[PDB]
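One chain is shown next in structure tokens, namely the form solved without this ligand.
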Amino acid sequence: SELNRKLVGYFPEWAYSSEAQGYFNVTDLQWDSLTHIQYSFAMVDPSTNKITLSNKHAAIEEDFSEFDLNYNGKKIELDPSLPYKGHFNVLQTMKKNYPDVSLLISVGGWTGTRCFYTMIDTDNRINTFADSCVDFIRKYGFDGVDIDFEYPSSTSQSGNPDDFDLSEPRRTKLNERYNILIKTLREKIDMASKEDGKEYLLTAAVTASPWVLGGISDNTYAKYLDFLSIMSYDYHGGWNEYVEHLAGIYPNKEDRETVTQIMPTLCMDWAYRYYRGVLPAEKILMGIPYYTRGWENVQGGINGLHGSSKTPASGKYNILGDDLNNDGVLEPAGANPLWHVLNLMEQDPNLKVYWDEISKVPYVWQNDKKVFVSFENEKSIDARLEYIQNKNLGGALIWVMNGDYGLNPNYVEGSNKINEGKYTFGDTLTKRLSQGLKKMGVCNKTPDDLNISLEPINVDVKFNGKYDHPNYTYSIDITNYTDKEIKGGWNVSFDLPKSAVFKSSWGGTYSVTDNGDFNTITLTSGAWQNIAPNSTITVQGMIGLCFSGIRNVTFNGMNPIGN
């Protein structure tokens, strides 16, 4: 059952009362197509270090008397026998008719990560938080916990700048403490599963940014997750000048932001290769956006793409813009749900859609106003399905579910009101994904690393290093725990994810052999590099770009099992 394809959707707690979000509530979720629903979002309490609700009223108090709760044309009433109302009541009520859809509480996000920084400071606070997550999923009928820490990285000035006062003093330890957090959550959740006779889940949404990942050395935490959701979006946007795709699939040598790097990194497939260092494909999910980012007054490019702009798209091209000071004056971002862009194209014949066959995503370009907005449509869904099948991926996650589209019951011909266009939210793309995931069948089980099938040798191989972008300097310690000297000319091999390129060994010689999502690096030492019994020898070299970890380590054609 763990090899089943997954279609994971984030539910926005905030949407049901917001015009720009379409007033999307739980009865608008794509229940027939999703396998998992991630409730966005919970946080960590600053004083108790326990899981806590963001909008408590929305989550457990709202009666929706002023809103339209209906599903399949039938009015949905809150279950009066539950001791809470809100979204959580509607979720549990719907779950009765969709018992195989898993519900998870997502903790964190861009604005909910702040108190993670102080909670991870001590093991007792981590224990308190993990225990509180168990209490919470029991109380509210959740099937698991999703951790969306943005970001547990040493990279200076990553994460929300509002939190620099907490993150910057902690950079050197965040990755280590995050690994303890995830491991502790797994331990507590597994115990609760046994106690309750339920199979509770632990998942995480994780960065796809090479910049953030340069400060994330230990990715062992991934092995404690039921699945790892790659946030393969927000690659490009109004924060800089590069008019490029929000969520490209394949590496694009024409992406101006990375044209000089050793390979194009701002695409799903680069992050896939990165995380293959620690996970099989069937535990990795592709992130899919149902929103846009964009620019206006675009200079150069072709249909805007690969042009430049210092002015993100504004006005009707930015209905999801953040309102920083409640003026109704939204920060330019070119950010829209997909249905709004469809409505804009109904009204403007010169707002046209184009296809990028390299990145395999669409984009929208207004040639008179010079407006470029990223996009997502049936063609990109089909390309994403092909990728998921080709790579044996676990499936996809969607950010956020109210951006999919369908026909609007409140359509008014000629209206420019946000919720009176031809389209509103719907399930067009999500149903198409679900159908394609069904058609391709379950994932294959990725075989174990081949090294475990080899004869053992009592040699310990330890791979460490330091990243100074774009250079990874590795140091490998090889300890001979046998009772005989190992002669020089020994070789060690390891599989290096194709997110990185082996550059040089500083001693001996090396070969590079293609091995799927990896290159097998074989380092052959010189005759003088004898390893005495109970002694350690260290070799170094250089790798370009970063990687989640290395795999399939061998020594002299055998499995190094250390001591």
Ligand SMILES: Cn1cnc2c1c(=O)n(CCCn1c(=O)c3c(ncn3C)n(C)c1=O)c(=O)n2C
Second form
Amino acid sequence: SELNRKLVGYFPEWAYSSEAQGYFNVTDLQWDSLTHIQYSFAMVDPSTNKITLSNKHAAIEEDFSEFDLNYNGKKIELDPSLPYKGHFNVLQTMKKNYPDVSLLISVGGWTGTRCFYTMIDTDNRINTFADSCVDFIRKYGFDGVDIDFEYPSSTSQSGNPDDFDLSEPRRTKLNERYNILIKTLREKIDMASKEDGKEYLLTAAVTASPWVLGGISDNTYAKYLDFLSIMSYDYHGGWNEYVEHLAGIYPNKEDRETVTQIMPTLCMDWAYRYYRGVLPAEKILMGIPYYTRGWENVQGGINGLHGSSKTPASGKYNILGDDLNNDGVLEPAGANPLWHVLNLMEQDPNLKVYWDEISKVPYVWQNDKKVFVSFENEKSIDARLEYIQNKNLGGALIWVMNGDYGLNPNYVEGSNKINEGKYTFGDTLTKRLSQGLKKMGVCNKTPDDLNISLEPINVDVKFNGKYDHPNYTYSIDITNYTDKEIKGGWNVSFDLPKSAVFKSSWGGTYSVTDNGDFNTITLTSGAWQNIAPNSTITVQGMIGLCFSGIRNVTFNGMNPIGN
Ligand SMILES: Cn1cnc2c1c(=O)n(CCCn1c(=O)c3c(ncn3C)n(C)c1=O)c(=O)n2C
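Since we've got the form solved without this ligand here, give me the form solved in complex with this ligand too.
Shown next: the complete complex, the earlier chain at its head.
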């Protein structure tokens, strides 16, 4: 069951009352196609350090009397035997007909990370928080917890700027404290599973940004997750001038933002390689967007792509723009659900779709207004399915379920109103993903690292280092716990994820051997580097770019098992 493909979708609790979000509610979820639903969002309470609802009314109070609850054709009523209403009642009611769809509570997000920073400060607060997550999933009938901390990184000025007053003083410890948080959550959730006779999950949606990842020194937390979802989107957008893809799959040497870097990093496949240092592919999900970002008055490029713009797209090209002063004026971002872009194309024959065969995503270009918007369509879904099969990925995580498309019951020919176009939300791309995940079958089990099958040696190999972008300076400490000197000329090897490039060994000699998602690095010492019994020797060198961890460490062709 753990090797089954996963199709996980985010449910936005705010959508049901919002025109731009299509008034999407729980009965509009793609229940026949999703395997898991992530409810967005819970957060951490500032005073109690417990999990808390963000919109309590939506989650547990709303009766939907002013909204339409129906699935397929059948009216859906709230279950009156439950002690809560809201989206959570509808979720439980639907799950009775879809008992194998797993429900996860997502905690955090871009605007819900703030109180994580203080909660992680002490072990007793982490314990209180983890206990409260167990209480919450029991109370509201959830199957697990998804942690969306943006971001547990030492990178200065990462995460939401509104939280710098909390994150900046904590940068040096955030990664260590996050690792304790995830481990403690796993411990408490596994105990609850045993007590309740139910298999609860713990997952995380994690950064794909090399800038953020340069400040992440320990990815051990990943081993405690049922799956790790890479947020392989938001690679590009109106925060800078580079008119480039939101969510490319493959590395693109023409991405102008990274054209001088060691390799192109702003694509799913780079993050896949990064995370292979700590996880097998079958525990990694691809992030897929059902939203866009974009620019207007684009200069240069070809059909906008690889051009430049200091003006993110606005107006009818930005219906999901943020309203930060709550005045109706939206911040330009070129942000739309997919169905709205389809409706714009129905109205404008000069808003045209193009395909990038390198990145394997589509984009939309208006050649008169010079508007470029990212896009996602059947062709990119098919390319993503091919990637999932080729890489043995666990599946996909979708932000966000009201952005898929289908035909609109409220269509009015000739109307420009947001919810009167040919299309509204639907299940077209999600069903296509589900069908493809069914067709390819279950994941394979990735074999264990080969080192554990080798003969053991009582040598400890400890890999550490420091990252100063783009350079990782490593230090390997080798301790001889045998009773005989180890002569110089010994070798150590390790597998380095292909998110990074080995550059130099500072002493001795080295070789680099292709090994799948890794390069095997073999460091051969000089004859003078003898290791006395109970002694430690250190070697250093440099690697370009970052990686989640190293694997498959060997020493003199044996498995170094320490003391
Ligand atoms: C964890 N995660 C994974 N992918 C994500 C996120 C995430 O937090 N956000 C940022 C989400 C911002 N947001 C909103 O847009 C939002 C909202 N309430 C009303 N809206 C309109 N909340 C509570 C919120 O947090 C994303 O945009 N994506 C792609």
